[PDB]
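Undergrad: Below, each chain spelled out in residue letters.
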Amino acid sequence: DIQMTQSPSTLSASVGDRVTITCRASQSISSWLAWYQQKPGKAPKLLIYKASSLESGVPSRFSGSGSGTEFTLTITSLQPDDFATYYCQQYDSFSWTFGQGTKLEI
Amino acid sequence: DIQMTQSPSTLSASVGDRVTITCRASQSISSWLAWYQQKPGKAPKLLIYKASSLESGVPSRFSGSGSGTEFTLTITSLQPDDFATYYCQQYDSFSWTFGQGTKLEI
Amino acid sequence: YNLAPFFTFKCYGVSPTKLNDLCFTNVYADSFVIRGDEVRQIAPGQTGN
Amino acid sequence: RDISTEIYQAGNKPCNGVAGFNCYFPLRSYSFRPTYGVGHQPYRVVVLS
Amino acid sequence: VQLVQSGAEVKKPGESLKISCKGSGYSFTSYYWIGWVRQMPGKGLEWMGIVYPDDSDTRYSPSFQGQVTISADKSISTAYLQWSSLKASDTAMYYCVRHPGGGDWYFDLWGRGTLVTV
Amino acid sequence: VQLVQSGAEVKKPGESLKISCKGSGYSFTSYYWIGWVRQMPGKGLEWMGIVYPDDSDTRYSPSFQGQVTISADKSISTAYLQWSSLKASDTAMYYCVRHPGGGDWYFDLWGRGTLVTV
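As they're listed, the protein sequences go chains F, E, C, B, D and G.
With the deposited numbering applied, the first sequence corresponds to residues 1 to 106, in that order.
With the deposited numbering applied, the second sequence corresponds to residues 1 to 106, in that order.
With the deposited numbering applied, the third sequence corresponds to residues 369 to 417, in that order.
With the deposited numbering applied, the fourth sequence corresponds to residues 466 to 514, in that order.
With the deposited numbering applied, the fifth sequence corresponds to residues 2 to 119, in that order.
With the deposited numbering applied, the sixth sequence corresponds to residues 2 to 119, in that order.
None of these hints come from the bench; they were simulated from the model.
For every residue, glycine included, the Cβ atom is placed at its ideal position computed from N, Cα and C.
Misleading hints may appear alongside valid ones.
[To be verified] Calculated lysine to any residue pairs in the SDA-like style (CA-CA distance at most 25 Å, straight line):
| no. | chain 1 | residue 1 | chain 2 | residue 2 |
| --- | --- | --- | --- | --- |
| 1 | E | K103 | D | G114 |
| 2 | G | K44 | F | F62 |
| 3 | E | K50 | D | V2 |
| 4 | F | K42 | F | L78 |
| 5 | D | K88 | D | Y32 |
| 6 | E | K42 | D | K19 |
| 7 | C | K386 | C | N417 |
| 8 | C | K378 | B | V512 |
| 9 | E | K39 | D | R113 |
| 10 | F | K39 | G | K75 |
| 11 | E | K42 | D | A9 |
| 12 | F | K42 | G | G67 |
| 13 | F | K42 | G | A9 |
| 14 | G | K75 | D | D74 |
[To be verified] Taking CB as the label site, the calculated pair distances span:
| no. | chain 1 | residue 1 | chain 2 | residue 2 | range |
| --- | --- | --- | --- | --- | --- |
| 15 | C | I410 | F | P8 | 55 to 61 Å |
| 16 | F | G68 | G | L116 | 44 to 50 Å |
| 17 | F | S56 | G | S85 | 38 to 44 Å |
| 18 | G | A9 | E | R61 | 47 to 53 Å |
| 19 | G | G104 | C | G404 | 30 to 36 Å |
| 20 | F | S93 | B | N487 | 27 to 33 Å |
| 21 | F | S93 | C | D389 | 20 to 26 Å |
| 22 | F | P8 | C | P384 | 55 to 61 Å |
| 23 | E | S56 | F | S12 | 56 to 62 Å |
| 24 | D | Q83 | E | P80 | 37 to 43 Å |
| 25 | C | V395 | F | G68 | 51 to 57 Å |
| 26 | B | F497 | C | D398 | 54 to 60 Å |
| 27 | D | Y27 | C | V395 | 25 to 31 Å |
| 28 | B | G504 | F | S65 | 40 to 46 Å |
If we strip away everything but chain F, and leave its shape as in the complex, we get:
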């Protein structure tokens, strides 16, 4: 059971800022992390798969990077809808595990 730690637990940044979120793995995964947008009371929507490519319907402002244990999710310019919970999950091996989640505030 690969363990994911997502830092920071909560982040507050002004609109238009660049925000970075770190997902750390207990053991190395070969670029098999996925990033999801969950708005309050909503279904998580896939942004990023393979930690590099982004899902259709996701603007280019959202981006991802990293490999191995360390992965990063970055927004260059924030938007009102952008602020919400973010999740990272490994799919390198089964018994898939999610991150705790990062709540984004203005």
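Let chain F serve as the given structure and place chains E, C, B, D and G on it in line with the hints.
TA: Structure of chains E, C, B, D and G alone, referenced to chain F:
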């Protein structure tokens, strides 16, 4: 084909009486007998399966017993619901056959 | 290999290079003319008019 | 184990990524799909030597 | 969780006819054996046949073998009883039935019935 | 290309709980792994299990294995999450999720959600 003979052809009894319909098979059929009840103008209703186990939604007063050639369907107390034709169907072997039937009457 | 500048030579069950090394029991050549976008339709298990 | 990615220079003339006639990439994708038949469905092979 | 059967059809002898029954309210319809049982008016129940909708496998009774044609379509979960050249004796109620698999071959569900009149 | 889940419902402890997810808008529905994810109130997502509708193969997380039973009705393109012995810990909102094939094991499609409170 296994032949089911059902006795008696017509039986008349009052409400609250106890009746014991009998069904006999040409060959031994273990406990693979089903007892059905059909009201006139209505589809038959499964009452007994495995020759002793009542179908769900059927009054508990119905009971079945016997194995091999002899099979007994016993009703402790009769009601107007109980007054309908009764059939015995063997499902031990293919080419399934039904008994001639018993016309339970007031 | 001298037929047209950019011919599409697509072999199923064999290799383009290996054809000269093989013996064939029965050979049939089927010739027709189609639109270019419909060329991909000429393949095993494809959908098109 | 061969991990060569160089273009196969089948022709005597050079094939440096030209991908023309007698010039082609060595590795081809399986393109597995569940719709394929059992023969074409993927099989995982472990060889214990 | 019950079977819906088509309305009564009246035809003169010598005409082809097909009677349809579709189960509804229960899952895995194609994996339940669906049968036809004939009851002559004022007579005992007679099992006609059974069909497996998933693979269209039929096991007719010897009495009705070579005469009825029971088939099924899993797309609409509907079992069809096709009778060709209706004879005079072919004037009886037809019940669509469902019975479970395994050792439990008893007809737990019965259709309302069709008044086929010839 | 959506997954419609059963309506959110409230049940007392000890009852049998069944949640239905039907997939629409994409062909070959039986060939897509369909799974369930649990979100506790004020908690992160927890993957629970997946099923292959064609062959009914099931995979479970170690925590949820045995506790849950996940099934697939391929005939009606549906997946069911079945819980026995509902308890207070069994209070969360559940997502029906779809997997792409091959080596991509993220959840590309998510259902609207099914809150269950005990």
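Undergrad: Next step is simple, just say for each hint if it's right about the structure.
TA: Verification of the supplied hints:
1. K103(E) <-> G114(D): holds (20 Å)
2. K44(G) <-> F62(F): Holds: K44(G) and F62(F) sit about 24 Å apart, inside 25 Å.
3. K50(E) <-> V2(D): holds (22 Å)
4. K42(F) <-> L78(F): Measuring from Cα to Cα gives roughly 19 Å; hence the hint holds.
5. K88(D) <-> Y32(D): violated (33 Å)
6. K42(E) <-> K19(D): Distance of about 22 Å is within 25 Å: holds.
7. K386(C) <-> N417(C): violated (32 Å)
8. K378(C) <-> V512(B): Judged against 25 Å, a Cα distance of about 33 Å means the pair is violated.
9. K39(E) <-> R113(D): holds (12 Å)
10. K39(F) <-> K75(G): violated (32 Å)
11. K42(E) <-> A9(D): holds (15 Å)
12. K42(F) <-> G67(G): Violated - the C-alpha atoms of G67(G) and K42(F) are around 28 Å apart, more than 25 Å.
13. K42(F) <-> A9(G): holds (14 Å)
14. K75(G) <-> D74(D): Judged against 25 Å, a Cα distance of about 16 Å means the pair holds.
15. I410(C) <-> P8(F): 55 to 61 Å: holds (58 Å)
16. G68(F) <-> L116(G): 44 to 50 Å: violated (37 Å)
17. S56(F) <-> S85(G): 38 to 44 Å: holds (39 Å)
18. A9(G) <-> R61(E): 47 to 53 Å: The hinted range 47 to 53 Å is violated for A9(G) and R61(E), with Cβ atoms some 42 Å apart.
19. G104(G) <-> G404(C): 30 to 36 Å: holds (34 Å)
20. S93(F) <-> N487(B): 27 to 33 Å: With Cβ atoms ~43 Å apart, the hint is violated.
21. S93(F) <-> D389(C): 20 to 26 Å: violated (45 Å)
22. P8(F) <-> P384(C): 55 to 61 Å: holds (58 Å)
23. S56(E) <-> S12(F): 56 to 62 Å: 59 Å Cβ-Cβ, so the 56 to 62 Å window holds.
24. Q83(D) <-> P80(E): 37 to 43 Å: holds (40 Å)
25. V395(C) <-> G68(F): 51 to 57 Å: holds (55 Å)
26. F497(B) <-> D398(C): 54 to 60 Å: violated (30 Å)
27. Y27(D) <-> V395(C): 25 to 31 Å: violated (57 Å)
28. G504(B) <-> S65(F): 40 to 46 Å: With Cβ atoms ~41 Å apart, the hint holds.
The structure does not agree with the numbered hints 5, 7, 8, 10, 12, 16, 18, 20, 21, 26 and 27 stated previously, though it agrees with the rest.
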